[PDB]
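There are 2 protein chains.
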Amino acid sequence: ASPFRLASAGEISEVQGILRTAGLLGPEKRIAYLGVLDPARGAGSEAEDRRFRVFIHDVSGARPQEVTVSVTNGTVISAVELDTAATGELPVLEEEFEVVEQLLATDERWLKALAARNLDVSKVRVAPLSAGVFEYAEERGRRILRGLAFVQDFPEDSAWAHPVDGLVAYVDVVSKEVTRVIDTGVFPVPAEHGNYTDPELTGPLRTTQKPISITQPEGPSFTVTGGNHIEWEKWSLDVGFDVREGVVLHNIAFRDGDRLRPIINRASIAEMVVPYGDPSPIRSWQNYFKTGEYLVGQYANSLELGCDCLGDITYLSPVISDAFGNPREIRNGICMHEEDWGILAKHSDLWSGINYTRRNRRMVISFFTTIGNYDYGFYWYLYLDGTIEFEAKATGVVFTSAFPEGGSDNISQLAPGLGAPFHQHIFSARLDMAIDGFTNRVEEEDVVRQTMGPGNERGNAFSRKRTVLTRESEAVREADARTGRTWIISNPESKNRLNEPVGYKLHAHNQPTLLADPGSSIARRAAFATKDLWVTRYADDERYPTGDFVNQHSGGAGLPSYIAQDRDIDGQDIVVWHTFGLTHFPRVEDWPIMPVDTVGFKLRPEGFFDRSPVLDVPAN
Amino acid sequence: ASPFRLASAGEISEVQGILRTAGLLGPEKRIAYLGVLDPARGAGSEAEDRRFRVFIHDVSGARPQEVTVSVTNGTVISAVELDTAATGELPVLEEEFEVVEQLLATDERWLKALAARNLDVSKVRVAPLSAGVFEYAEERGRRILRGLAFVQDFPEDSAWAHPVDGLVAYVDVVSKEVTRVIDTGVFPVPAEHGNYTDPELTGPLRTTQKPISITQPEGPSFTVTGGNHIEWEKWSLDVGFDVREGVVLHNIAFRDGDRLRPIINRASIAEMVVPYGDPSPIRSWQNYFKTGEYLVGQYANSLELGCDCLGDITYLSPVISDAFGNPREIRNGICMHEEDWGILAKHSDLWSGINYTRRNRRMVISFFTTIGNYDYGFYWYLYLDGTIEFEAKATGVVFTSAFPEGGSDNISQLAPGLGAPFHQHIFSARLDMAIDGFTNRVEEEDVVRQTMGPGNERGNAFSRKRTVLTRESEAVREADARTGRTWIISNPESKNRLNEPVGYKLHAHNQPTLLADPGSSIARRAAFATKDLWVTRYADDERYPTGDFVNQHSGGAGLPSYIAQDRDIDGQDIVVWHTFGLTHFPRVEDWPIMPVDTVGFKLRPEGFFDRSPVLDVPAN
Ligand SMILES: [Cu+2]
Ligand SMILES: [Cu+2]
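If you read the protein sequences in the order shown, they are chains A and B. Residue numbers for the first sequence, in the UniProt record's numbering: 9 to 628. Residue numbers for the second sequence, in the UniProt record's numbering: 9 to 628.
If you're looking for bench data, these hints aren't it; they were derived computationally from the structure. Each hint should be verified, as a subset may be incorrect.
No copy labels: a pair is met if it fits in one copy or bridges any two.
[To be verified] Only pairs whose alpha carbons sit at most 25 Å apart, straight line, appear in this in silico BS3-like list of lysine-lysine: (1) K503 to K242; (2) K218 to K242; (3) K184 to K120; (4) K610 to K503; (5) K610 to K401; (6) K473 to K539; (7) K242 to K131; (8) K610 to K120; (9) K473 to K503; (10) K242 to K120; (11) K473 to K610; (12) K539 to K401; (13) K131 to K184; (14) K539 to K242; (15) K610 to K242; (16) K131 to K120.
With the rest of the complex left out, here is chain A:
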């Protein structure tokens, strides 16, 4: 009976029924987004009322709507018509991506471009990409997708090995018309194939790898109740799933002695943008907002035991809605398991004669998603010592282009004539903090060097300083690896036995942030990506760092708008938004299929406990 339980197939069917009966789901309507709403602040009087938020698109050109329904009472709470030219277009529908290639196939301009290159239209695949907002005034209020071509020689061929450069088209997916076809010139289409399962490319497979058996004879140490409530080594939390954000962690708490202490109320990856840095007009508009425009949860893979998740695995099979309101289960879309994590603590003391060693372990909650050529893994980790960590694993096939004769300052060569445009993968982790409760504050901590002189005669001293972020106007921070900068979230009203506010310290990897020019469209639409840490006052309607309707929005939505309210964040209900990502200059080793690369962050207790919280761990 938990308010955080996963949505059932029936609940989705109920939403569909409610919408249909209300006359909001006619033949031309499509569900672009559907997700359950989290309980509002308080809920003292559990008025069990499951509500769902829905974005309804209209393939007839009619205005879309944002609808909130109660499946508990079978009613429509609200239905507001949207003006997309102002607030943004709805997420792209899976069915719209498909129309791009089909439409271009009958367009004379597109056919002429292919004919000049001697490419069989039946062999040309088109990657349907988001459009963004640039200089095309005629696109305002219109639902546009831009297409890039790749040649697939046969059904099992990897089209990514054969990009068709110098060609790009724009399509209005509603009116179903090709608005523009741009041909800047012919580029040779890379000839080598990139079929990583072809013996001629892989060569003889290795026979040197001996098996590694990972098993748990007595089962896992974690328990799963209520379908998604996890309890493991003092940790307590609920594993949620949203079609937009994917796996979402709720009510992360730690059992300290006789009481369950909250740490984080809600943790999620609220946005993930992939901006490309190739100035060619063929791709200079390319920016993927995987979470906001595509909805990462929708493309979560069904994970295979022994392949994707090894060991004693417990799966969750979340249900999402299709474009018509029908429930669709993502079988084994979420993996949950614990794993050994080496030494936790060790000391061999000469004086006491006591030799002490203890092993560490971590709870893993993950899912993997595939969008076009991209495949990303999202992993959340909980450690015995109270550490919380997130890790993104990037793999898949690199997005390609032709490699210009004479070289390039924005593209790397992967194979003869095959290029890989430079780009970044930037994430935003939204952490609704709850350190021992909702009264929290954030301090920026920097190492402080000291000068040799009075009070420091030997010049060996060093210290640190903490600065409280009191208002949102001063809560947009940047990293400073040189000074070991971190951010501490504490509760000024909850102190440890040493009379110090309890807290958790966020450790960033300090990777580069958004590189685009400050005046670019992407810098405006993905402003969150330009700074490492943002702190806002909690608000029900502030869910994503990029706003609710990211697709083709002019910019400034999300964090920049929230921060502008300049609210008090010193000892209040606050939310931390951490930006982190990878800057990718593709290497030859990333082709034909990319070995995993990673990025993330972690938070460690900082005076949260009265002493080490793992003294009760037994000897293994």
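Got chain A; can you put chain B with the ligands on it based on the hints?
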């Protein structure tokens, strides 16, 4: 057979015999250091000539000597008398450490200080620490150790919980004289115990941890031949061990098709310093050069199966010399095993319909050492994809002091009246590079942001630049996390199929470097720690960033002196010295025994291969 084989008990006994025969090892002599020398460059010597280098101390006060012997020919190659006041004292002898507490127990000044604090001398343990170089003229040319007191209430009590602040003594361990006893005032001695095995403190042990079984039914995938030659998933290398550096990796190479391609000739942690940042006269001289002053290898722990190393483990038991030249085995001092490392590569392609997933693995070579209250683990990893990584794991018990009543800017409070002075753990990895051979060069690579305008009208473009370090004077570099700075080691004479020099990219964690004032004794003695990367031209006698004799040695040797030669490093036999470490502001969670914290670095192939090197990994 192999000139890179581990030293045998017989070789050590032979060195002892050769030294004795030469009249260099009488009863007053002690072996402060003994290690096998790596073979010289080029196939000079026909067969293999095994040579050992020894530092010989004299307990009567006579000048020590540095000697090189040929165990093969039974001859002394060179023997030079050392002027320690100039070039440095020899490493501390394990036998000198116990001298301190013993001598102080009968010193009137020390006894009076203890009586003023109402402490029973029989219960006062003394931590004998390296002295460094400061303003004490009488210490020049003498072997000094400085002692700090801790109370041990009973046999199995953790003395670290009871520091005796305001007191420190200096001792000449050769003449066995207490040179000075400094008492700055009585501080309350923390009363709470820190016994982590006491149920009173641990509380009932957890019974919630279910077993995790990791086994290999068909045995490990790596082979060990010649006692220390490893072959694993295309990797080839020799695992060496030196009493000073600990585990050293030799001839790291990768089998690419029909060629064994070298990558790194020698990899080791050439120095490790732990500088303290508390300006109190009681500890302002505290700087542990664990590698250079103590010799970390001799303190390597015997690792227990199922506790320290889990899974199918293969052990090496290196042999070192004791103070008299007798061989001593460190049973199971080195652990070797392979472990699963999640997903290696994955992609589910819509167009081809092919779903591909491969798992990763890594080879682990490690050892753990204990020096006083510190316990550090050194781990080297080799990955299927060609990545090489190092990781240091810090644990043990934090060094304590009293926590001043009025607070402190250089000490954190762990318990009532118990403090933990701020400090750093800084390592120097010496990487004698051999990317496809010895003709190498290093380039510093920075991300390059571009301004919106002609050629970049949308302001989305970004690039990078590479600067070749051509001479040693230009090869002392600092990190720049903000610009994603990395360093690439390439071979300008060996190109991949795309006509680009093959290389490897070094990725640093970009943690803060040495914080001490540049004019401090420690900034001069640990000069290498003030910069992130140094590149030198290979030289037989340039082994450590701090020189051969670190104990009580001022600046003048090491990296700063090597770089002065300003040698050509553009396409030559070069060595990369990477500084990396942790800055520790102790938390309450670090008490009474510290949970592991880590730091390290890694190198990934950068155009070294012609495509991904893991296409031949099976699905299994
Ligand atoms: Cu990428
Ligand atoms: Cu430390």
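Checked hints:
no. : hint         : in the structure
1   : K503 to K242 : within (20 Å within a copy, 54 Å between copies)
2   : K218 to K242 : between (36 Å within a copy, 14 Å between copies)
3   : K184 to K120 : within (19 Å within a copy, 95 Å between copies)
4   : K610 to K503 : within (22 Å within a copy, 39 Å between copies)
5   : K610 to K401 : both (15 Å within a copy, 17 Å between copies)
6   : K473 to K539 : both (21 Å within a copy, 23 Å between copies)
7   : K242 to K131 : neither (56 Å within a copy, 38 Å between copies)
8   : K610 to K120 : neither (53 Å within a copy, 50 Å between copies)
9   : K473 to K503 : within (19 Å within a copy, 49 Å between copies)
10  : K242 to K120 : neither (65 Å within a copy, 49 Å between copies)
11  : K473 to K610 : within (21 Å within a copy, 31 Å between copies)
12  : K539 to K401 : within (22 Å within a copy, 31 Å between copies)
13  : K131 to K184 : within (22 Å within a copy, 88 Å between copies)
14  : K539 to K242 : neither (34 Å within a copy, 42 Å between copies)
15  : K610 to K242 : within (18 Å within a copy, 34 Å between copies)
16  : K131 to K120 : within (15 Å within a copy, 93 Å between copies)
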